[PDB]
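What follows is one chain in structure tokens, specifically the form solved without its partner chain.
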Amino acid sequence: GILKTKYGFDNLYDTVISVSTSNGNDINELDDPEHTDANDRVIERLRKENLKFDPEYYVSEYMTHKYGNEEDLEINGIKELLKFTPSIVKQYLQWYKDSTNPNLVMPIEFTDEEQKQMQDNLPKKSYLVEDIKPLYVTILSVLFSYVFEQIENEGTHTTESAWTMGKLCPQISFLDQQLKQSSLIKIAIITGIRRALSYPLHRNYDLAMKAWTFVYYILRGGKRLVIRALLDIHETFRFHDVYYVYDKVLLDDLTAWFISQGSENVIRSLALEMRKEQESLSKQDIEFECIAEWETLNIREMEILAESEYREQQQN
């Protein structure tokens, strides 16, 4: 463990993350970011996600949503979150309903604020990246984080916004663009769901799937609509006194590279492929491993066992 292991966009960065952990970076989840190779990041992430998952919390959220009284539901907020549509999605749907050629890309006029952001905050360098597939998978995963946070906070910026997005994104929390130690797209969708069921305040499968459905529509909007989402994500991290390091190591270049080199075909195929993969999933594909020794259960089994206990409790 002597040679430094590079990370972030096109594996060009180092040192920044370890320095940030001394400055309060609680999004990073790697024990040793400067000396952990790509494959070892996947092994560590998978072990830590299984340790992080809390079945009691998961089934409690499920039971509140399905069986909670009015007060339980009011303080929790799940039903309100499930009715929310992010502003970016509303913009697509407003254009789409009136489109005469619906297979085309959504036209976008960047706001003065977005233009100033691109001019003042993004790198100006040109890119020659050959390995683009991990970058498009990073866009898919970060759009999920972004949409989930937009839903969780009903479109308002909070003190938890950047943390939530960082935690739900394996490319940020674990600097893991590899994901695999099913297609990479399917793995990225399952990873988003497992992290959304283990880290945030609201842990609900329907909420996680609602966020993936919204990702599909943002991707369908096309390159410029995806830029609008990436600029929003980038701005949230930019002005955070600690988490800006994720703009330095990943989002600055991801956004500038995507603006100059992003492909409309790749984004459209990604929208259709992710939707196919999402639609092939059910709760039975979402599994967690733990000691009581070892046991692997899918989330539906956990729900049924909790529903059975509750039904037996209400009987007595």
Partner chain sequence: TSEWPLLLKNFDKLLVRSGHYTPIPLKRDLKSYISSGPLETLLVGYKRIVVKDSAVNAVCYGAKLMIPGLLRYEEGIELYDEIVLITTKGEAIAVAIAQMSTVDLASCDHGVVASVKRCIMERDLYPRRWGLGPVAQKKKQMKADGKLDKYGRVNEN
Contents of the next structure:
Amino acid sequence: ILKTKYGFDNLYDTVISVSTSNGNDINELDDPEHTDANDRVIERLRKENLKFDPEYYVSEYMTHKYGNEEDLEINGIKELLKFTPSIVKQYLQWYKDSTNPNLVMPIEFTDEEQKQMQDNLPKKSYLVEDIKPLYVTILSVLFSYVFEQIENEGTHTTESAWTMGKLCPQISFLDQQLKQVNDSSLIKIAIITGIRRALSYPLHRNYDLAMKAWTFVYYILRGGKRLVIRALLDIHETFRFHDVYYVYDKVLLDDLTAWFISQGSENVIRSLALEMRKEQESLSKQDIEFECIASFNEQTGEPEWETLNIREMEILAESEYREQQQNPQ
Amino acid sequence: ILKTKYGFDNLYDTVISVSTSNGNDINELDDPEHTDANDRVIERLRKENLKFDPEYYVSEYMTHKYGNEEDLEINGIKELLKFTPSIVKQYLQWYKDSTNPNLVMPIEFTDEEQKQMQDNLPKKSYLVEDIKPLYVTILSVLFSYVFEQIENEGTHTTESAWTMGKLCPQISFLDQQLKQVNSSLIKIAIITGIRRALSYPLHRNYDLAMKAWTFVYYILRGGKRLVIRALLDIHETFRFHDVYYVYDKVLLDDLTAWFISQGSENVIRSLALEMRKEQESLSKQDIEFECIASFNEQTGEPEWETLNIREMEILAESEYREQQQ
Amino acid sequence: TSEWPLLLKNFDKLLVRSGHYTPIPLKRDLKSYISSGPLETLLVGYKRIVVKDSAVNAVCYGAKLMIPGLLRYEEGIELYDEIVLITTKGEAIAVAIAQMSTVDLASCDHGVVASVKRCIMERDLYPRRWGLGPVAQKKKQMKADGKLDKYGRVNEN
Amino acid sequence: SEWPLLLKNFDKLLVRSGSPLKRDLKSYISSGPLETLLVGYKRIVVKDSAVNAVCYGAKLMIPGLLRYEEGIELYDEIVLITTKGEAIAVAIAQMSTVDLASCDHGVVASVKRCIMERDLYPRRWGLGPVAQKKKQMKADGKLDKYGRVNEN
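Now show the form deposited with its partner chain bound, given that the preceding structure was the form solved without its partner chain.
Then the entire complex follows, led off by the chain already shown.
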């Protein structure tokens, strides 16, 4: 089989397979060295539908809506929903006082951030023709970062990169394509993907939580190039520090940060902020669908599949609960 | 499903399944609580054929026969084959000076052995009707014990209980029956010991397995008290293990206590002579395994073939001679 | 130099014997080469904290352990001590750093008990469970009864 | 008595003021970078020819030693690793850094707790598999009347 290149500008190979021998549990591709771009999308979609747990989803929804104080305290959903990461607080505090808030947010890079850009990033020049997948990567990686920032209430854990890599299709599945072969639509796909993955992989699987994270991505993008760099440097450092997950910096994040710093466009970032917000606002629970196993054939073993959106799951759960509560058992 | 009792006199249950949740890797039964005696034999035979590695077997044989000094130094086979366990040295030293060699060997139990019998063994009386599986269990467990003593040159390791448990079908498979329902049982116990010694331990060598059976003969010839010395050592090795102690609970506690109170010198002597007769009737041609020759081109299922260990050796010697040519 | 497996880092710190030199194909995942034996003895050295079943999953995700999740704690746990977090079944969840002493564990009604150093247990071994019937099977029963709308979906009311 | 390993001395476990069986470690363990749990220990790199013996709990001898870490003192708890970086076992150092450099013979370390499966590094046969060779002989008619490999 011919080798299939991956990562930034499809320049990398071998790195990912070697990492899987070192405990890389972020990678979700069965054969990263021999899976083409379209097959990565096919595998991802199949695995997302297998990963999604409707009972877990429904339980999370019911705890949030009907749980007592003890149930809500152990879960933590209400506290997460009130949390604002530091990067967002910086933007909101600036925005509140700015005389002209359509302009870009001023940023003075810290000593640590300057040392990072000097010592940790590649110094090569970039001549990338296809920039659209790179801006879409920035979008998906920003959602991963924001979601993690909320879920952990601004403190990183040993599993922060796992969270970031899992909600990011360009990382877990080395998928920069997102759409199967049979800008605006790709943006909408990136948003839906983020939501589907945020309801299938992390500890807290909540639609309102996923939408909160996308709203904060909008604000980061509105802040401008430098605010985006502040976020990218944080992401880069979280991966760099891990003895295993650093491979995602090697194959994607090292170049993406350095390319963005030297070639990122303020106009493109602003257009992206407005397009993603428009696409986000056009979405509802009815757009978030999964194929679920209803049963297994006893004689055959083939799972019997059924299609449901997240709202249908909630209604069915609310009906079961009302039957349990209204009627004596 | 109805629960299937096991261990000494089939009096035990539940213990084994609970142990498998705690890392009991000696147990080889998929479902110990619901596998009848005959199904334990069927499962054991299937798993032994899966476990046996002909390439490993052949490699050991070739190292012993054709290996250079460095190959033999790292392997250790020649050193193991020269080793005599302490229990056997005691017998042989006594036998060499004995005026009536057909008598039983005198034994004075150590303070440690006396405390062990007093503090670690059950104090209940035994009224066991079916004693034949118990004497066969003693035969099989003595083989496991002797083999471990040779392999480790008389020093126990953290894996001494694993080796003994693996070479003993009454432990690994809770199988005291040995023969499927469609002395002979003694011959089956000897063949089983050899097959397991060629499939499970670090050193897989026919001469080594036969050396261990020869040493079992001498222990049995020594008599009841020498057998007790060996049983106490086995019991202590399992007792001391945080996981494997379950084999003392379900089998060895009672086997040892029952043997001390009810073991017969005449039965032990008859057993020594019968096992020796059966051992001497055996050859490499009696040791057969089902091996994977190839895999199905369309399916990937394995294609099985039957070989005795001598056929494996000859085929390996032919390949070597062709290579050296 | 640059690439080395976790246990092979600082390779220079590894000394050779005098004489012949035999130079140093890919390794497998720990889960793929690990024995099925009693390996939990490797954690018997650490002091223990027993986690409530409702908090097990959070610990598998690397999240901090809070007072509501604590069930039992060992005597002599000092601040910053490396400890083990276990279930009521005796399964090892993670190796963690003690964020409060035994006196605080007894008194405190709120706060961080421990922060995860290294997750041991798989995520979703103790998942969020739904007490009532599975939703996908309920929708199939509704298709069979004709209790679904024209678009083949579960309607409000 | 029957209690799980990590649940022994249960009385020593205190409660705050105010029955399904567990699974095997191999069944609940994550597929993540769990080898970081052993980064604390000093290392000894084992020759491939000695790996399997260590999985069986056997002592590690001078012929099996390849590389050793600085600062290994007698009786220190150490980790035995392969050249691939796999953890074989946790062991007790039976000789210091000075003896590891000089000694031409002896026990290097004794196994405390095996980590790696037995037969991951088995005894290998350089030439063709024997079972495959017997099939080729059946196909050629190079076997006896009974269907067995004969001497000569």
